[PDB]
Amino acid sequence: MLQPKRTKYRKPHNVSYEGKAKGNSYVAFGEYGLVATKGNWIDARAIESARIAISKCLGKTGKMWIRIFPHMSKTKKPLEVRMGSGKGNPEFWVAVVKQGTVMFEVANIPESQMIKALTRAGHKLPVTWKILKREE
Amino acid sequence: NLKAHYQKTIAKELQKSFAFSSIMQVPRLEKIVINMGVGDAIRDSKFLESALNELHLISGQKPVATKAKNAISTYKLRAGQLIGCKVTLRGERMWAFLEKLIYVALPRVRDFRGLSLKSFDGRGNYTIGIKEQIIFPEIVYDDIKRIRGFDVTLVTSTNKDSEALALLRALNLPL
Amino acid sequence: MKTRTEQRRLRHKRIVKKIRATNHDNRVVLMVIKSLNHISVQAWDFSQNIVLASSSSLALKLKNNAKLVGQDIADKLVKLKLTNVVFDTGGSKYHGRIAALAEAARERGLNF
Amino acid sequence: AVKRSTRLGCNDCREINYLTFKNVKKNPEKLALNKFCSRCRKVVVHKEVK
Amino acid sequence: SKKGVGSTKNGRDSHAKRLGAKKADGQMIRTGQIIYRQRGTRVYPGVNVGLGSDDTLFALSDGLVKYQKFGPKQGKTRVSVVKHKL
Amino acid sequence: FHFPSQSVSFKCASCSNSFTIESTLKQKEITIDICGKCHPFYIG
RNA sequence: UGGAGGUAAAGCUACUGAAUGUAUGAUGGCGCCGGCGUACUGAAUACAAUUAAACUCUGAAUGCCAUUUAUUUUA
RNA sequence: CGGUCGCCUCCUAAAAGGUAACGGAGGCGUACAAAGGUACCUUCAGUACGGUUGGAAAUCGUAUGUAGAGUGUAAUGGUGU
RNA sequence: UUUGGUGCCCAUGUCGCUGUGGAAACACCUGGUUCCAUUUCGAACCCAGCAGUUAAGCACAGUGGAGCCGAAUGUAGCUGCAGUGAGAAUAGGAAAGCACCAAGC
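Residue numbers (the authors' numbering), protein chains in the order written: chain l, 1 to 136; chain d, 3 to 177; chain n, 1 to 64, 69 to 116; chain z, 2 to 51; chain u, 17 to 102; chain x, 5 to 48.
Hints may be right or wrong, so weigh each one.
To be verified - Pairs of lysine-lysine residues, derived as DSS-like cross-links and limited to a Cα-Cα distance of at most 30 angstroms, are as follows:
#, chain 1, residue 1, chain 2, residue 2
1, n, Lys2, n, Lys85
2, d, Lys14, x, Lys41
3, l, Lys8, u, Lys25
4, u, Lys18, n, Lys17
5, l, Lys60, l, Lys8
6, u, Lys82, z, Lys23
7, d, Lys147, d, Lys5
8, u, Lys92, u, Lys82
9, d, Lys33, n, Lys97
10, z, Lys51, z, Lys36
11, n, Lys18, u, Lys25
12, n, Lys2, n, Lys83
13, u, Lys39, n, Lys83
14, d, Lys18, d, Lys48
15, n, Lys13, u, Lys18
16, x, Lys30, d, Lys48
17, d, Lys78, z, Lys51
18, u, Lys33, z, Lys4
19, n, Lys2, n, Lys80
20, d, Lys88, n, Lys83
21, n, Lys17, n, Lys85
Said to hold, decoys possible - Label-pair restraints from in silico Cβ distances:
#, chain 1, residue 1, chain 2, residue 2, range
22, u, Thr57, z, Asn28, 48 to 54 angstroms
23, u, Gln49, l, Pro90, 45 to 51 angstroms
24, d, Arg30, u, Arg55, 33 to 39 angstroms
25, x, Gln31, d, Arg30, 49 to 55 angstroms
No lab work stands behind these hints, which were simulated from the structure alone. For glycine and all other residues, C-beta sits at the position ideal for the given N, C-alpha and C.
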């Protein structure tokens, strides 16, 4: 999949993030971005699924970047186990998403193909796809 | 004595040849450092007596060793572990040893084809490094068991390497 | 770089500040400059950033050995009654005619 | 539980005078400091009396 | 059903000696009163402030507590018992 | 203080370099064959 | 009103750490002949934007203690 | 029972601080007769240059950066004569 | 006030450069010539003087450049749902300023 080198803490809290979009409200080097209508904790499986679906339905001469890479860790507990004993277990690393952050920034391929690519990634991504233009 | 002779005629000649806004931007010398880096003294070469003794022999100031800059495992030393010996040279002793350095040590340099190796740091210093500790008749090759010399250094208050080069050119030192 | 003067100044300032801090009741400040020709002394009161009196070849007691270079300023300060001063040891270390000058304060009222 | 302080007594009256921390590693020996004693009211060289 | 459950880490909040602004601006403070409690010299005593053998700041003499920013960035904080009459 | 170092003179054989100066206290007049103009490139 | 926070928040080339094209691109993959740029490892900055309770260059309101006019009650 | 029984470093814990948790981050059960005091002196580590071994670091002489060195600690901040 | 002492606010004022005044004072310099000191000695430290100097030590104008600070609105925060108002960005700023003593006055 897509994996970070390390996380800041092995078992970070699922802490609430009330506020607004910090950092990425746009793309950094692409021409469009798959921007979500929500901010949550997402894993690398959907990241890879959406990214490779986008690349498959795009062309070649365009360039690809992932902006908000997975940076923190996810702590999830198995099921059918009684509540207690603190937190769960460290698992798949997580990319923190805020209200307006962009996962994938792409460039140099026909534009409507970019819109379609982000839509079909929204099919492969838990969030409702949102289209974003070129910014920096 | 080279001291008064230089300070009277040669310093003035250097000042008037390439002039400044005064006659104290002349090539200035704060001191003369004589050095014997012996780090294998801890590794049992001669247990630090060689550097102290021979520098004291070629000293004008009481020899004080300096603590190491770092702590390294390939040459054991930590929290001090003074390696080698170091002597500063002030007052009379500066020119007292410059006379022997320029008149006696210079022709005895094995690689003496013009000492302009550009050992300047561009920071107003000139770092003469010789792998032959036998450069003065003030030392006999029986103190240490290694190829050894000195990293002596001419120093300047106002940092200008050309000033040290001018000092070198005017003291019978071929370039 | 250094011209053997700003080291004296930096030592002198650090020590006068530390000694002023030793006594919470700040007195008149005796800062003395060991110049190469003579020795100058100034009564900096560290409450207004001003000077009360001075003694040097221009102020009083022409070039310093001459223990009166400190005696006159101490006499001026006992006309001000700020004795037991926060006496700076000086960046120039306490030797030479300064040994005459510094104790010249003690013999002339400054009971530090 | 265990103690790093030391119990020190005056060498002129044998009373127990001082209880202060005491380096036990690099100074395992009994401490002999010249500090104030009360039954004579003056600085005397106390010794470990126990 | 319970026959054993996962352990608990040494991860509960560490409580220190009670510290904070024991005195505030505008009120007279008296000598010996604990004006500030710190663990390590970070907030610096000014004038007429005593530091005991706990890094505990009390009033050497009477005055008013004052917290001032100074230095090259207004980041350094000095606590000082400025000489206000008792 | 460094143990006292006294005046030493010099004498050469192929250059006759005579110079007196304060230096190491094991020698009074250093007589040598190579000093001054004796090295092949000491000239200049 | 005073004090300072460091919560929220922008930002993290302002740091702690992951991160990306772009800049030198050493340096080692890879060959080359002490010589050489590298299919890639590729430092950190210039530049580019990031992620974050245990990150804070900054950075509030609120809150907090003191402050003075002040009101309740015989507590 | 797992785990626990004394104490401290960060935060969730909502800005003085605090802040609950079967909440996630580390340990301690001490260390200096100097690491106390007085006084005087005294600094960055690093990095760089050029240099007897000495190589990247020792080594000298500097420049350099001005706190990322150090300061007893676990972590925190703090500390520029 | 020219110029010597340095407090005091900070990166605007931190740095860099163009330079300027030094005539007395000042700094280097003359030397280790004693007092004094070097964790090592004339490098300080001490002496007792300035042949010399504006370069540096000192001070004085500019260099808005590196760099600082970063305005208003808005923006999150905030939390009667708008203000409240960050940050951050821009404008612009600043090349220091705040004084005494002392001689050149």
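Evaluated hints:
1. n/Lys2 with n/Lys85: violated (39 angstroms)
2. d/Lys14 with x/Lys41: holds (26 angstroms)
3. l/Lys8 with u/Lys25: Holds, because 19 angstroms separates the two Cα atoms, which is no more than 30 angstroms.
4. u/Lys18 with n/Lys17: violated (70 angstroms)
5. l/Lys60 with l/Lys8: violated (35 angstroms)
6. u/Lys82 with z/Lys23: violated (38 angstroms)
7. d/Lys147 with d/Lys5: The hint is violated at about 35 angstroms.
8. u/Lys92 with u/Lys82: Judged against 30 angstroms, a Cα distance of about 13 angstroms means the pair holds.
9. d/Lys33 with n/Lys97: holds (22 angstroms)
10. z/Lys51 with z/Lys36: holds (18 angstroms)
11. n/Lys18 with u/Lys25: Status violated; Cα separation ~49 angstroms.
12. n/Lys2 with n/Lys83: violated (39 angstroms)
13. u/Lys39 with n/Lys83: violated (41 angstroms)
14. d/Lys18 with d/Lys48: violated (50 angstroms)
15. n/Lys13 with u/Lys18: Not OK: n/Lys13 and u/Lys18 at ~73 angstroms, beyond 30 angstroms, violated.
16. x/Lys30 with d/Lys48: With Cα atoms ~22 angstroms apart, x/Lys30 and d/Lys48 stay inside 30 angstroms; holds.
17. d/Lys78 with z/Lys51: This hinted pair is violated, its Cα atoms lying about 45 angstroms apart.
18. u/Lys33 with z/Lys4: Holds: u/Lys33 and z/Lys4 sit about 23 angstroms apart, inside 30 angstroms.
19. n/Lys2 with n/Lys80: violated (35 angstroms)
20. d/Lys88 with n/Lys83: Judged against 30 angstroms, a Cα distance of about 54 angstroms means the pair is violated.
21. n/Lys17 with n/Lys85: holds (21 angstroms)
22. u/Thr57 with z/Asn28: 48 to 54 angstroms: violated (27 angstroms)
23. u/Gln49 with l/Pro90: 45 to 51 angstroms: holds (49 angstroms)
24. d/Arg30 with u/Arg55: 33 to 39 angstroms: About 51 angstroms separates the Cβ atoms of d/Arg30 and u/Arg55, which means 33 to 39 angstroms is violated.
25. x/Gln31 with d/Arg30: 49 to 55 angstroms: violated (31 angstroms)
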